[PDB]
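As structure tokens, one chain now follows by itself in the form deposited in one PDB entry.
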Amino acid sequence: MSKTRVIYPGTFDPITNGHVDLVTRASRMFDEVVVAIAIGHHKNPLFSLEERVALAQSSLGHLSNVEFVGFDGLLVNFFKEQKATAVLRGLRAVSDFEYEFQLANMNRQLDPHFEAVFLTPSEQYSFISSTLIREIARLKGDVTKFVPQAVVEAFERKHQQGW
């Protein structure tokens, strides 16, 4: 009769309707869900950690069993620290599927307790790629269809300065 806690890591740069769907799904089936934002020190994300967490909070705060936290280092260690039952990943048609198996199996070798549990998002979200979203925004196009309003405004606000 133990509580479920799943960790959903990613860069969420920025969060998309697809990510929202997934979290919504996950919130319905796990007791607690942690939206885990990888800082990306060596990665160089467009949006800052604060901006990413803010935007996630805005699109998913209404779910009461959803936490939001940034993290670096090893997902396996974050997993341990958070006393997590499993790491959640999404699985679309566009997904590097062998590349989920590498992640999953290598992490298992680092920690035999590590478990991974994929969910698939509503078919309308099977084709959107944050890379393309960011590119469309950059070229002053409409991303209203692919990300929450808050994110759309973030994009303007990013144009409006330079960082």
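Residue numbers count along the first chain shown, from 1. Only residues modelled in both forms are compared. Here the rigid core means the biggest group of C-alpha atoms that line up within 1.5 Å when the two forms are laid on top of each other. Compared with the form deposited in another entry:
Considering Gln57, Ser126, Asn65, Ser95, one residue stands apart with a C-alpha shift of at least 2 Å between these two forms following superposition on the core, and it is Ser95. In sequence order, the regions between these two forms where at least three consecutive C-alphas each move 2 angstroms or more after rigid core superposition are 41-43, 92-96.
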Contents of the next structure:
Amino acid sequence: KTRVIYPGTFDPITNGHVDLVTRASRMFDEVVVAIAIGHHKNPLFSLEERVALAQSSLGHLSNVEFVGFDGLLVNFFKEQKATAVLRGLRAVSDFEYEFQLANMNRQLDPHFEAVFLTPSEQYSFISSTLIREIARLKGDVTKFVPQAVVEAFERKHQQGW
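Could I see the form deposited in another entry next, after the form deposited in one PDB entry?
Partners and other molecules have been left off, which leaves just the chain.
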């Protein structure tokens, strides 16, 4: 009966994401992990890699689906017959940005709803962007991401980056 969309680029997925989806999966009937294609600010990982890292890391949660999308979030929301979008709020900048996005999307669709979760303290600092930068300098990201993501970074090293 409740269906919530958790959208993002997931480039890559992290333990922070895993925690939020886990927590969301306990309070909503269905959680859709929605991987935006990444219209510019080109992702490190391909959509397919990202979807696959998401499935590996969260496939054990039986009420979680994994889907790529390309489009406006608000149309994806309507098309999915979602009850709400869920986003994480790590810091003040996230708070301001999402506040605005929620109001804009509610203007595009009056049934739009956005609910927010606050990360658990042990994952508070984690973002895909930070993780990419640390891995790009061959820092160890083992503590912050699933095993499959560590391996995908190793592959990326043996290739260009």
